[PDB]
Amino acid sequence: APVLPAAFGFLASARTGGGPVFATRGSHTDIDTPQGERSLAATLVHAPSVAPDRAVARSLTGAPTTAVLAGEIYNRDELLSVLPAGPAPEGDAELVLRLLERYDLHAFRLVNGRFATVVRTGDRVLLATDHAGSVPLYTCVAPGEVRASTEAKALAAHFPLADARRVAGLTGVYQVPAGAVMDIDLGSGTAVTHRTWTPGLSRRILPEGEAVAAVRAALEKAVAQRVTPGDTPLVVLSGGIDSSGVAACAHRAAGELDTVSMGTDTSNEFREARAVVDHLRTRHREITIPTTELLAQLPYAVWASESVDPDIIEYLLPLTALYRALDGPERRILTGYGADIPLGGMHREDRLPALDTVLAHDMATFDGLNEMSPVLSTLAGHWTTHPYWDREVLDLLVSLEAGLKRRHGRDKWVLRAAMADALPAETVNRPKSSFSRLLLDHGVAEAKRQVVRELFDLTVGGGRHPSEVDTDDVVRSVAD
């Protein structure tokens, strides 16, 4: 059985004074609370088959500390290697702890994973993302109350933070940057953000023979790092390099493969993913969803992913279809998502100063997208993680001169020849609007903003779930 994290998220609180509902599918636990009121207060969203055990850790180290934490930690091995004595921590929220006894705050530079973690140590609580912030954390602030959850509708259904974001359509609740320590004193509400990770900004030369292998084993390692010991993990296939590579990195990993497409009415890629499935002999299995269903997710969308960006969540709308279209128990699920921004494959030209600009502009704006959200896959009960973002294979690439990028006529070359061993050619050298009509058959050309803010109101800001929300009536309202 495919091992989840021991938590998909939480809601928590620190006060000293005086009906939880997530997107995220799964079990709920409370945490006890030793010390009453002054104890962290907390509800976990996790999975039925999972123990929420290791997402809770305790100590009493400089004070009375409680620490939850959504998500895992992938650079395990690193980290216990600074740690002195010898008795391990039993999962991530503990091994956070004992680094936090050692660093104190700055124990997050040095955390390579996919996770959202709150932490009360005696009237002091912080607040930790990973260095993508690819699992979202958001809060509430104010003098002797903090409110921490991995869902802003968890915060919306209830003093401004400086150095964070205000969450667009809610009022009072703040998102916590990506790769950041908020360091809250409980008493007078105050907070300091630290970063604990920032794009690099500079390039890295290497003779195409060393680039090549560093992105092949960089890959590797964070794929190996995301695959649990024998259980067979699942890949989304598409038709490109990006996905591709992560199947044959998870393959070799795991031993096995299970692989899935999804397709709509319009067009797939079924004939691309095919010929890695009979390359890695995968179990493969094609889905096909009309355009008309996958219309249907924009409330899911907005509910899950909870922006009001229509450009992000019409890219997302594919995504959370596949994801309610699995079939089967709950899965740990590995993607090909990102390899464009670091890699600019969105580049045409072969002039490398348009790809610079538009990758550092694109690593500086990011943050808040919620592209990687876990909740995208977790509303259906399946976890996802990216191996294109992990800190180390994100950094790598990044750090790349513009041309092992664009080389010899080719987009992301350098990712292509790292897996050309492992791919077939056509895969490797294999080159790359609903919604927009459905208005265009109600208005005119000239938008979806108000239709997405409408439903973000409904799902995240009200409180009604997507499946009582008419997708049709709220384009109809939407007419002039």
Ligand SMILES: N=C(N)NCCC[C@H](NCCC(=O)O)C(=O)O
Given for the second form:
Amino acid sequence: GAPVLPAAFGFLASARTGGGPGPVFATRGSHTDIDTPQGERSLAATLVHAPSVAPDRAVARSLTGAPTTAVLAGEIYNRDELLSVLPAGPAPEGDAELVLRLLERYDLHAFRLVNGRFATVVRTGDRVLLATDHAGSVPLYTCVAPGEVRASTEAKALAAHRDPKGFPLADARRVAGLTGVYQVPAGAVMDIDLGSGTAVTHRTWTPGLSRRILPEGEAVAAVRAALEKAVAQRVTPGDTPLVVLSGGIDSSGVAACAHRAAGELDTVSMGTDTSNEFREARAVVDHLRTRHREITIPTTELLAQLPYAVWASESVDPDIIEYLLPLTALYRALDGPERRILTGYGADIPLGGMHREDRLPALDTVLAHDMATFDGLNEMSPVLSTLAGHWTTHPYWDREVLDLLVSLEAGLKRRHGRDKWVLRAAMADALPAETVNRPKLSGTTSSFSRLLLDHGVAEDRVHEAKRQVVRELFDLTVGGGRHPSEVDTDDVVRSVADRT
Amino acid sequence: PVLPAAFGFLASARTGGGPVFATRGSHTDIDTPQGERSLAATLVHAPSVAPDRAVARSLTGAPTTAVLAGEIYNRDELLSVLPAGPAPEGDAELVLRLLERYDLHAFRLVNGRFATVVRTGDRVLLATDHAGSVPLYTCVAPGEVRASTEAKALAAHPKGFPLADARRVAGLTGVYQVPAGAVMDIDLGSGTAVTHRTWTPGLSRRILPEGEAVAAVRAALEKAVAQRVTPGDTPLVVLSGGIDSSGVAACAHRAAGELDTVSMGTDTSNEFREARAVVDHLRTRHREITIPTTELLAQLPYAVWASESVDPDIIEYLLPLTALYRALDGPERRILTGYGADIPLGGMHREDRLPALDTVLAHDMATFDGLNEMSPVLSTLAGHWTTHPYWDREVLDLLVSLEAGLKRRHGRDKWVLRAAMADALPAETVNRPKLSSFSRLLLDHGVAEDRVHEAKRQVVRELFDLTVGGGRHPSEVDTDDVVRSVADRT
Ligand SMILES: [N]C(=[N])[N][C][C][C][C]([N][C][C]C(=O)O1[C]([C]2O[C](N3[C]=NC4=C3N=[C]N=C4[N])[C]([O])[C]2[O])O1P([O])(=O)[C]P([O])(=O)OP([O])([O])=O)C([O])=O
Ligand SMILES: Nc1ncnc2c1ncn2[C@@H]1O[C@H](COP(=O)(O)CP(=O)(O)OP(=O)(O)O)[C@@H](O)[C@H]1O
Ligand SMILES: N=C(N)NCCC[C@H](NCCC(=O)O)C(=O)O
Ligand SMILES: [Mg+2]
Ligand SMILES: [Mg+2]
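Could I have the structure of this protein in the form solved in complex with the named molecule, to go alongside the form solved without the named molecule above?
Below, the chain from earlier opens the complete complex, with every other chain and molecule after it.
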């Protein structure tokens, strides 16, 4: 009875003094322009959303008949908490309206209260607000100049224009490979004066730098409770969600929580002609009695996802692109209706899932560095899945779960010789023993690294070779306006190798 | 011990080459086992305490020496993450045990009121508590690291490269103040430093129903105060008629089972009547001290000398507090204050509309570092130790995080704190809302508005260059002439 997918996946909005640009998105869906009642003084916007579901809940307007409009891509998770701090009403219907009602009470500080997965733009008179969620999980880009502000959930839609009129902004980073396009920082709200094109940015969240010791038993129960809540908030009542499942504790944990929340669950696992964790996942599938699907794709197909992954994430970090190849392939391979998907992605970051020794200092060093450098990588962008029409959400990076996991002392993250111990302990009563204490996972190269090595690229120049390949795929797809389908990936890789 | 093992220090680590503090107390130079290649230091402490617990040594990793000024409050928590069972002697040793397990990240775990310097081999660590409540300064050059809890001891000296992530002390040269909530990792040989922040104000806000918010605030304050009260010893609370100090008084009384209070007044105003209500409700041993406005202003050079602050507004807040600590009679005391509660709770906010409350809150939290308004020297200059419950790391994190509607609610300021103490204080106290001698001084010497706030900055800066920069005792500074010169200079 309730909408299973967000009211809108993305948008291209515009606020200009005068004038009057068809959006090109990687995100799949209907393109619907919102009404512009105040004419040139209104906020113009094209929303990309789930076909057949009108995007009404992604737009909100003034209740006093004034020039104030808000557009929101994504969704909010702590709705009951937010509803509890609002005056008489009326009861907001949709997240854009919830945001607007909150802005009426706290102005821009409203964003310090929201725990969600969204990107939003608001125009009030000649003031424009742009805001991201705490982790910038829904990328938001902008082109600001005196008299005109353009904002979009995909940089490519802003670059599609001839020489975007975008200039430097406080806290906003210039997008490499593009001109005039800047990315709004994660956990922030930019307050823009339309006339001058100047902006003041306020951060609404930042990774904790301190660590808090809690009674052991309590810490473990707290992690389980927070994960259970975050997952429940992400599951639509009346709809059985899909969990992308691996053999690891991360995705297994989300599956256990999701099954409890929905009463039933669907799971899917992807594998290649070289490796898979089908047996490991089946252990959880049988334990939970889920409707499971196994998908095997040749390595040539997985690597064929290179341009799609770059095009969707608009990221140029080769390491990140590699993590995304498998997921990009999985989302495109799914058959049937558009799904609400939950993943165990991200757990490794605050927990130092890569740490491999009992010594704790290096774990905190890496963790702190990771939390200070995730912004701009766009690794959890919804476009990765929406390019195929599916919505994805990541429980481990829920603001409450994230704050808690980041804050725990290192001895809880690496213990008894096991990685992410606190998470394994938190779920030890909901999963089979083998899943709970099976090590995270020696000479094995990634298929992307293998691809360059198979081209005869010296192994010490492979990583830089991968960086150059991605860089060129970005220039063709995001900067050039070329569709992934039109990219001769082989030629690109061959070219980079021939110059290495 | 009722007082910390050390109030402050002047330390150094170099190759092989005393101090004068505002802090009142004994001086003890620690042993130098490794000779010229060890950590040399002069600790200033209460005559009644052994400085031993303020120094710890070990051979773990390399010859190591730690010096710590102040104290740690979440000791039980810290002890819970350590191996074996040989409990540390004091806080300096506790830090050393933590460093062995988490290295510099150990500081991300500490909730205290301290400043510490550690030398392990040719590596030097300089660390402050989350709020930098105990100022720490340093001079860093290749082969020479000097650290002090008072810039004045470092100003009295020649060399000291620029430290990027730290702030230069006003007027002084080569002297830097270690940022709050940070640990500076220095390589002695190269004189290069890397600074890691171990705490930062939360920017997000939390939503909680009244009942839970009220209960959490009460529980957090009770704990932070219990941690600050020595078992067996009755503490002293500097009490005004306000909810902040009253809230601390109620918690300290509960924790100590007894309580000593003191309120100060001037010939201009006082809150003796307001405080009396609380004095009787908790039945404490109360004392009222009235200081002439003339004596209040005479504190100008003492407050600058002790706080080493150049901020006129902060200096004015500190004049009465400084007069009070110096006027206290009897033995050295462990004192708790309700200072700082207005910052995270937006105590100065006067409207029901919330936007401005959060704007000022975020700004205040991003700019408190360097003001030194809660420095222990303000009270130790008179032998007394102060600690501030509201800026306890746990209490602070909680109060800062609360959504504005819990701070301004039912038309009352700092609502959640008032509600949290409702069942421990008289109704009038929790219900009475929150609601310049210095200025009057300058106006007497001739100076217009828009020229007074400015002139005050010049007076404060002059006193600083004299007492902190020139190593001249406050008792030797004519605050009358300082005003004179600065007066006929605008
Ligand atoms: N940083 C920033 N931004 N700011 C800062 C500011 C500060 C504030 N406050 C104000 C000033 C002061 O001083 O204050 C405090 C404390 O101290 C003490 N005292 C005072 N006075 C006095 C005292 N004692 C005794 N006597 C006299 N006279 C106390 O303890 C306190 O706590 O405070 P206040 O605020 O002023 C008062 P209260 O008490 O708190 O109450 P209410 O409620 O009215 O407020 C801050 O702190 O923040
Ligand atoms: N082959 C595959 N099949 C199904 N889902 C997959 C997958 N590879 C990755 N995922 C999803 O993408 C996320 C990224 O995660 P990874 O860290 O690489 C494995 P993990 O499932 O998190 O377990 P682990 O990190 O404890 O080993 C997972 O949480 C999972 O939901
Ligand atoms: N942003 C980063 N620093 N890293 C993102 C990596 C994504 C990571 N999965 C792979 C496991 C690993 O090798 O860390 C995760 O947290 O799901
Ligand atoms: Mg993982
Ligand atoms: Mg106060």
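Positions refer to the first chain, counted from 1. C-alpha atoms forming the largest set that superposes within 1.5 Å between two forms make up the rigid core.
Rigid core superposition, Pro34 Cα moves 2 angstroms or more between the two forms: No, shifts by less than 2 Å.
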